[PDB]
Amino acid sequence: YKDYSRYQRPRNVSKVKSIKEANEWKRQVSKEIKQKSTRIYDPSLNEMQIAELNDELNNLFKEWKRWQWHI
Amino acid sequence: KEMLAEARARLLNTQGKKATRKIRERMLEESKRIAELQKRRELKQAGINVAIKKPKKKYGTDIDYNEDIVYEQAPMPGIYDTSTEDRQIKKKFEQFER
Amino acid sequence: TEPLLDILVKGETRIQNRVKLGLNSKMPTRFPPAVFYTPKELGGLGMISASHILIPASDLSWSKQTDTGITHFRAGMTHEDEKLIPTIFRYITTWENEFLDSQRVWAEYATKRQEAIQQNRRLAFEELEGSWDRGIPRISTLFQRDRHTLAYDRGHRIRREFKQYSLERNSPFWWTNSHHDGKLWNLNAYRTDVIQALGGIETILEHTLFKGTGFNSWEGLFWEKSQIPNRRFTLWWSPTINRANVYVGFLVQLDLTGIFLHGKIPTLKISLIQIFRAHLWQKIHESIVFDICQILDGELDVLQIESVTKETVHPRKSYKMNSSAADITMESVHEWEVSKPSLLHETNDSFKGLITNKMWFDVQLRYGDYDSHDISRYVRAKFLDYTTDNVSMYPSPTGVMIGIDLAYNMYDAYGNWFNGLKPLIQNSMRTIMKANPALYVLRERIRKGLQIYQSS
RNA sequence: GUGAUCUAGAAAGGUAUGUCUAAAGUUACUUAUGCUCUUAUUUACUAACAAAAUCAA
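Chains as they are written, first to last, in PDB author numbering: chain H, 26 to 96; chain c, 149 to 246; chain A, 1353 to 1577, 1599 to 1829.
Just so you know, the hints here were simulated from the structure itself, not pulled from any lab data.
Some clues are possibly wrong.
Some chain H residues near chain c, calculated using beta-carbon distances under 7 angstroms [unchecked claim]:
(1) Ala47
(2) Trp50
(3) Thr63
(4) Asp67
(5) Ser69
Here are the computed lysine-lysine pairs in the BS3-like style, where the Cα-Cα straight-line distance is at most 30 angstroms [what the hints assert, rightly or not]:
(6) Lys180(c) / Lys51(H)
(7) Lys51(H) / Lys165(c)
(8) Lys59(H) / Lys87(H)
(9) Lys192(c) / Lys87(H)
(10) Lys166(c) / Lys61(H)
(11) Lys170(c) / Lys61(H)
(12) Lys187(c) / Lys56(H)
(13) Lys201(c) / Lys90(H)
(14) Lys1637(A) / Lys1577(A)
(15) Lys51(H) / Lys204(c)
(16) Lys206(c) / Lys56(H)
(17) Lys1693(A) / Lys1577(A)
(18) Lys61(H) / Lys192(c)
(19) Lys1821(A) / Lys1642(A)
(20) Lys165(c) / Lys61(H)
(21) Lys205(c) / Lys61(H)
Where is the CB? At the ideal position from N, CA and C, for every residue including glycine.
Make the full structure from the sequences, and use the hints.
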C-alpha cells in the first residue's frame, strides 16, 4: 500500500530504492506528463501561462530522463 | 463617468452565475476537445495511430448514440416498392464514407 | 383571575422548555430549578419565578354561579425536589397600598413644604428621606436634576401610548415615564431570597463545576465578558446536566477519557473534548503515579522498602472504569503486617491481622456528577469489587486504592496500612493535589472554558 | 384540625458538487536545499462563531 499518489517526487533520484519501487514513482511522473501535454495544445489563449507551463513540462521531462537514468 | 461606466456595463450584462459558468465550462470543454484532436493529428504525423477515447458513462444504461440507430422507428411499410432506392442510398452512403 | 395563572404556568414552562430544547433533553432531573432561577452573578439564567404557586382549582361547576371561594389548590409548577421559590407578587406592593401611601405622603410633603415656606428656608433633603421612594409620583421626582426642563414636557402619557403606531418595536412600560414618575418598583430583594431559597450559595455550587476549578471561596470571582454564552452555561451547570439520575439515556464512555455521557448532549461533548485533549487523562494518571512513587522512595528507609516499581501501565488502563490492575508495587525488607482496609482519614487500626511481603498501589481518577461526588463511597466500592474480582490482577490482597475526583478535586484512599503510611500519605496528597502540573493544566483549562478569572 | 403527583430523545441540519488515473501495444551514456518540540509577540486569511437589550447611576 502507501499509494505513491500522496508524496513528493522525492527530490534526489539516486537516493530512491529497489527497482519495483521506483517503477511506480516513474509512472507518478508520466501521468502529469500526459496531463500537461494535453494542456499544451489548448486554444485557451493565455500565452504567458502556457510559457511557464512549457517550462514545467521541460522540468518534468528532464526528471523522466533521470528516473530512467537510475534504472 | 466611472459610475456611468459601471452602470453601462451592469445594464448590458443579463445572465447571472449559472449562464456565465455554463459558457465558461462550454468554452473549456471545447478547448479540451481541440487539444485532444490535434494530439491525434500530431501522433498521426509520426505515423502512430491513437484512437479517440469515448466519454465515460455517467450512469449504467447510458447510450452510445453513435453506436446504433438510437430508437429506430422504422417508417410504416408502404406499397410503392422502395427497392431500387435503398440500393442507391447505400451506394451513395458508402461512397460518402469512402 | 384563574386563567391568567394558568397562562403564567404555560408560558414559564414553555420558556424553560425552550432552554431545554437548546440542548437535546427535556429531562426534569437534568434541569433542577437552580439551573434556571439562580442569578447571573452565580451563573444561572436569572429567571423570575412567578408560577411555583398553588393555583385555586375550586369546583368548576358552581364556580360560574357563586364565586365559591378557594377550597382546593392545584399544584402549579412541580419539580422532583420541592425548593420553595419566591414569586415577585410578594415583592411588589399593591396599588391600593401605593395609593393610600401616596395620599399621606404628598400631604406630609405639603405640610413640610409649608413649614419650609413659613420658616423661609431651603428644604432639608434628609427630613424628606423617610418618604424618599414613596408616593405614586415618587417624591424623588421633585428633586431631579433636569426637573426644570421636564416641567415643559406635557402630553407625555399620550405620546408614549402612540409610540405603537410610530415604532416597529414596543416599549412595554408605556404607562410610565421614569423621568416624570420616578421608579415605581424595586426587585432587589428577589435576588437575595432566591439565593437562600435554593439553600445558599454553597448548595448552589454543589450543582456546578466550581470545585473543579480549584477555587477556595466565591468572593474573589467577577466573571468574563452581561450575557453568558451557551457553551459557558452548559459547561457551568454540567455536573447536573450529565448526571447519573437520568430517566433513560444510553451510556457512552466518551472516547479517550472516563466521563460517561447519558445520551447525547452535543454542546457538552464539545467542551469536554476541548478540556480533555492531547490525551490529558493518561497524562494526569501518569503524573500522579509518578509523583507518589517518588514520594514513596523519598522516605525509603523510614517506610522500610526494598524498591518501588512502576508496573508498566497499558495506556488504555487509565480510563478503563470496568477493571483495573496494580500501578505501583512494593517490595519489603522484612515482611509487613497490613491492617484491615480502612479510610484515608480513619483514625487507627489493629495491625495484627495479616503479615504480607508484597503490596500495591492503584490510582483511580473519576469525574464526579451531582449524583455521585462522594468518593469515599466510590473508592470503597471499587476496592471491594476489584479485590473480590478475579479479573483484576493484583500482586497480593494488600495495598490501598487512591481515588481522585477530577470534577470536584477531591481525594481519598481506602485500603490497608502498615505503620507510618497515613501521616505520610496525607501530607503527600495535600502536596500532590495542590502542586501536580497535570492537575494544574486541568484546573487552568477549566478556568478558560468557564471564563472565570481570580481577583487579580 | 386527611388525600389526588404531567414530562423524559434521536436522525435529516452540515456540507457542496463535478471532472481526470495507457499499467498492461489487437495482424495491413545531462549529477544541484533534508518543513524541529514547547512558550511569548506581530501580520494575513479563516469560524460565512458570538454579542448591551428591560433596568439602576
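Hint by hint, here is what the structure shows:
no.: 1; hint: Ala47; in the structure: violated (27 angstroms)
no.: 2; hint: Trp50; in the structure: violated (25 angstroms)
no.: 3; hint: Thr63; in the structure: holds (5 angstroms)
no.: 4; hint: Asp67; in the structure: holds (4 angstroms)
no.: 5; hint: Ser69; in the structure: holds (5 angstroms)
no.: 6; hint: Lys180(c) / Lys51(H); in the structure: holds (26 angstroms)
no.: 7; hint: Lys51(H) / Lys165(c); in the structure: violated (41 angstroms)
no.: 8; hint: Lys59(H) / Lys87(H); in the structure: holds (14 angstroms)
no.: 9; hint: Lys192(c) / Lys87(H); in the structure: holds (25 angstroms)
no.: 10; hint: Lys166(c) / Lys61(H); in the structure: holds (28 angstroms)
no.: 11; hint: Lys170(c) / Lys61(H); in the structure: holds (24 angstroms)
no.: 12; hint: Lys187(c) / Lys56(H); in the structure: holds (16 angstroms)
no.: 13; hint: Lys201(c) / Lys90(H); in the structure: holds (28 angstroms)
no.: 14; hint: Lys1637(A) / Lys1577(A); in the structure: holds (28 angstroms)
no.: 15; hint: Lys51(H) / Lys204(c); in the structure: holds (27 angstroms)
no.: 16; hint: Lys206(c) / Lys56(H); in the structure: holds (23 angstroms)
no.: 17; hint: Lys1693(A) / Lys1577(A); in the structure: violated (38 angstroms)
no.: 18; hint: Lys61(H) / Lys192(c); in the structure: holds (20 angstroms)
no.: 19; hint: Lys1821(A) / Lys1642(A); in the structure: holds (16 angstroms)
no.: 20; hint: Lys165(c) / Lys61(H); in the structure: holds (29 angstroms)
no.: 21; hint: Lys205(c) / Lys61(H); in the structure: holds (24 angstroms)
Going through the hint list in order, the structure does not satisfy hints 1, 2, 7, 17.
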